[PDB]
Amino acid sequence: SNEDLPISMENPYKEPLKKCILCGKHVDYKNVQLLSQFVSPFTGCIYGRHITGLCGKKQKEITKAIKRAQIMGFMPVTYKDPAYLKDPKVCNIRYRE
Amino acid sequence: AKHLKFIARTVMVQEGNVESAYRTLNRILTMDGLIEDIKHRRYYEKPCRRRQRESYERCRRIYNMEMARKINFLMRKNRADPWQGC
Amino acid sequence: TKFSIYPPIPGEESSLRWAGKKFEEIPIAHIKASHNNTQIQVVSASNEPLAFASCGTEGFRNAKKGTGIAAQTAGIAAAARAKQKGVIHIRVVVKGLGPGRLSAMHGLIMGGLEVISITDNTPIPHXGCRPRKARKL
Amino acid sequence: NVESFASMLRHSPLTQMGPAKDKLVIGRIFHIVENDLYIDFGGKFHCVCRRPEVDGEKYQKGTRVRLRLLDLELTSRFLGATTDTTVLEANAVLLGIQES
Amino acid sequence: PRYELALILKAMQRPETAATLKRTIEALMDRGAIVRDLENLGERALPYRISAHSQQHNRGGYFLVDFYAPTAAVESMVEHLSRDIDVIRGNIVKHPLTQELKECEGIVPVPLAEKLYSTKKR
RNA sequence: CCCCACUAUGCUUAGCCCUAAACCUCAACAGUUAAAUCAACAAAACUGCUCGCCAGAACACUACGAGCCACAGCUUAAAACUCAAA
Ligand SMILES: [Mg+2]
Ligand SMILES: [Mg+2]
Ligand SMILES: [Mg+2]
Ligand SMILES: [Mg+2]
Ligand SMILES: [Mg+2]
Ligand SMILES: [Mg+2]
Ligand SMILES: [Mg+2]
Ligand SMILES: [Mg+2]
Ligand SMILES: [Mg+2]
Ligand SMILES: [Mg+2]
Ligand SMILES: [Mg+2]
Ligand SMILES: [Mg+2]
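Residue numbers (the authors' numbering), protein chains in the order written: chain AP, 46 to 142; chain AQ, 2 to 87; chain Ai, 58 to 194; chain AW, 76 to 175; chain AE, 2 to 123.
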């Protein structure tokens, strides 16, 4: 017949599924430096997933890890640890502007 | 009461411009949601009323974000008429 | 160096000085801006009372107290009594969201005091006492 | 020996381009309104680009320019809609003037 | 199974801290636990003030105790740590390495919900 | 209705009480999106099968009988008179 007819295939141009910054990495409640990167530097409020950019699974992990660290003397509650104020900025939030 | 003081929600005044610093402090509290939390905590909001308010705000957010997306999507069409007279 | 909105850490060493006094030694001006009244107290680093003023102690009574101008009057008076004891620079710790939240701070500025840091210490319970019932207005 | 439509579609330059995102193409300016340039790059819909300030005098009718396509057609489905909202135009970023 | 004891000790001298760690470990062994490893995360200032046994603590040393103990041994150890005056705070949790993190394919985009309302002409 | 003070109560233990706009007022399981899609509105229209329930309004979340740790209670639940509407 005709060899130019379209064939059935999966999309070859399909880009790989996007992954969060913490995809494939363990989250531990003792890893305070990682946890402090997802709380406000003035109030210590836990940022939402619209700010952190994490997926559903890691957002739950960070929230559970932060809550465990706060009660076990690893993470401050009312503020963000000053020693970790110079970490790379990964949350899409701006206060002064 | 048991945390270090003068760290949380503290803004340093630059060159004596107190007006800018206070607005910066006010905006930070608003962005984190502290300002709205305090006002609703003045009088107790019953659980039935809170869920109705939250559902209204969540529905409001969906409509606000969807309408905003369409406005930005159609903003490129705000140019002048390219076929004037037709 | 670039200005940092974050306060210096008491443990760390910082080059910022105000009339030869470090940030931890600056007297503190606590402001309590309630919905009906504003109370301003200035204390030193060693928790020594220096000056206290309020709308009720500055010729305002009843509903007149819950106004910005009344808080501004108290702020000027609080600065005047603090300035007698040698207070120049203050750290502002404002508590409450009352009408005199900012106007009371203006009185301190116009009274001869300098503001270097602003802190909000409004009490927000994290779940706490159940507040009063809603008003049927 | 008649070329079938499937043969025409397979060998057409548009089909062999693949995805239109971040592809350099050459378009022709056919209509100009103020500083808005209407450029047709052989697709179904044309693209509208602002007149560059560096060399805006050269951009005239019939001038060929270089484009980086971002979408052949701009459509998006919003809340409560049963169909996508189409702008009847393409999205492209103007880069320069094609020279031979 | 395998547990992890997030142990925060009062800032003391080396002989006193060393005695406390040995005494705490012996409590686990007396309750059938098999201690795996003893880790030292250092000593840093506590994020918030902690009051315990009518003492105000501003600094404390961080240690981690990994051990294998039966389920019934967890309850007994918690009661033991409360009576110890040299322990600022002691919490027993599952060892995070025991849980296996499921491999994540990525993020699947969520399409806009459709057919939520009838197509009647309102 | 506004303001203040304070008690039952909201908490814990043990035993009761068994009600709600207990409402997502939209039954369980297995399906379909085709025809006539479909009163209206609401949250599109239906198929197979089974169970529960409903037959004008009011009297009536009532009377009586019965059962219940309930005794100013709950569950089950009428009738006469009346109206031509609800
Ligand atoms: Mg406390
Ligand atoms: Mg009482
Ligand atoms: Mg319910
Ligand atoms: Mg029902
Ligand atoms: Mg059933
Ligand atoms: Mg079904
Ligand atoms: Mg219809
Ligand atoms: Mg009833
Ligand atoms: Mg009855
Ligand atoms: Mg009977
Ligand atoms: Mg009876
Ligand atoms: Mg029943």
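Because the hints were derived from the structure by calculation, they are not lab data.
Incorrect hints may have been included.
To give an idea of the chain AW side of the interface with chain AP (calculated C-beta under 8 Å), a few residues [as the list claims (entries may be wrong)]:
| no. | residue |
| --- | --- |
| 1 | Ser79 |
| 2 | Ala81 |
| 3 | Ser82 |
| 4 | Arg85 |
| 5 | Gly93 |
| 6 | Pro94 |
Output of the computed footprint for chain Ai on chain AQ, the stretches with three or more beta carbons under 8 Å from beta carbons of chain Ai [as the list claims (entries may be wrong)]:
| no. | stretch |
| --- | --- |
| 7 | 40–48 |
| 8 | 54–63 |
| 9 | 75–87 |
Every residue, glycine too, gets a C-beta built ideally from N, C-alpha and C.
### Query
Which of the stated hints cannot be reconciled with the structure, identified by number in ascending sequence?
8 and 9
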